[PDB]
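Asks: What follows is the residue order along each chain.
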Amino acid sequence: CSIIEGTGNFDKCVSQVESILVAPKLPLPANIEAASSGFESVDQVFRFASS
Amino acid sequence: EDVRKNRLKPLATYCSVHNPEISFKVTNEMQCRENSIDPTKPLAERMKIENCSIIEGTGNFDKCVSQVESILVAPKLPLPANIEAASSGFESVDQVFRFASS
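Chains as they are written, first to last, in PDB author numbering: chain A, 433 to 483; chain B, 382 to 483.
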């Protein structure tokens, strides 16, 4: 990868933020504390507890 | 033959795709699969030792130690339902004396 070019596609951006950051396949690294409290990722927070 | 008396019932019950701890966490699913328990299968096949009719003793202590080490004491992945041990910094028994000692 030489160059990064913007495509300005918000829905593709949301889709990627969801798969990479919010709901990843495995927890994002250095998150043993979150995992120990029962939450691997952001998507799990509102699934197991809500207020 | 009673399912409630089978020593695998607690583990096979934990290791289920219908348990949110397995269905939402690949981590836990992989720990189950590492101990030959497929969480996608019914309870009866999760507890079953496939294509095995008879267990025969060989009375070989060193082979026994070798297996207890690889299966129980130093497994590739932490044994299932051990988030508490892992959170305190220890995935398995072998890590306890490596990281801390007295």
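Some clues are possibly wrong.
[Unchecked claim] The list that follows gives simulated cross-link-like pairs (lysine to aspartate or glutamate, DMTMM-like), each with its CA atoms no further than 25 Å apart:
no.	chain 1	residue 1	chain 2	residue 2
1	B	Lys422	B	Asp383
2	A	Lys457	B	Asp383
3	B	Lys390	B	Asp419
4	A	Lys457	B	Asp419
5	A	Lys457	B	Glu402
6	B	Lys457	A	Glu465
7	A	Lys457	B	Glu450
8	B	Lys390	B	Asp443
9	B	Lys422	B	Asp443
10	B	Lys386	B	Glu426
11	A	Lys457	B	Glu472
None of these hints come from the bench; they were simulated from the model.
Asks: Each hint needs a verdict: does it hold in this structure or not?
Replies: Hints versus structure:
1. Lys422(B) - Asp383(B): Judged against 25 Å, a Cα distance of about 19 Å means the pair holds.
2. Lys457(A) - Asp383(B): violated, 37 Å
3. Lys390(B) - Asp419(B): It holds: about 14 Å lies between the C-alpha atoms, which stays within 25 Å.
4. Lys457(A) - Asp419(B): holds, 19 Å
5. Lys457(A) - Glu402(B): OK: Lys457(A) and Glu402(B) at ~14 Å, within 25 Å.
6. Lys457(B) - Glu465(A): Given that 25 Å is the threshold and the Cα spacing comes to 22 Å, the pair holds.
7. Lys457(A) - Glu450(B): violated, 30 Å
8. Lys390(B) - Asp443(B): violated, 29 Å
9. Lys422(B) - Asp443(B): Measuring from Cα to Cα gives roughly 34 Å; hence the hint is violated.
10. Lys386(B) - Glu426(B): holds, 16 Å
11. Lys457(A) - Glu472(B): Between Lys457(A) and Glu472(B) the Cα gap is close to 20 Å, so the pair holds against 25 Å.
In summary, the structure is inconsistent with hints 2, 7, 8 and 9 from the numbered list given earlier, while agreeing with the others.
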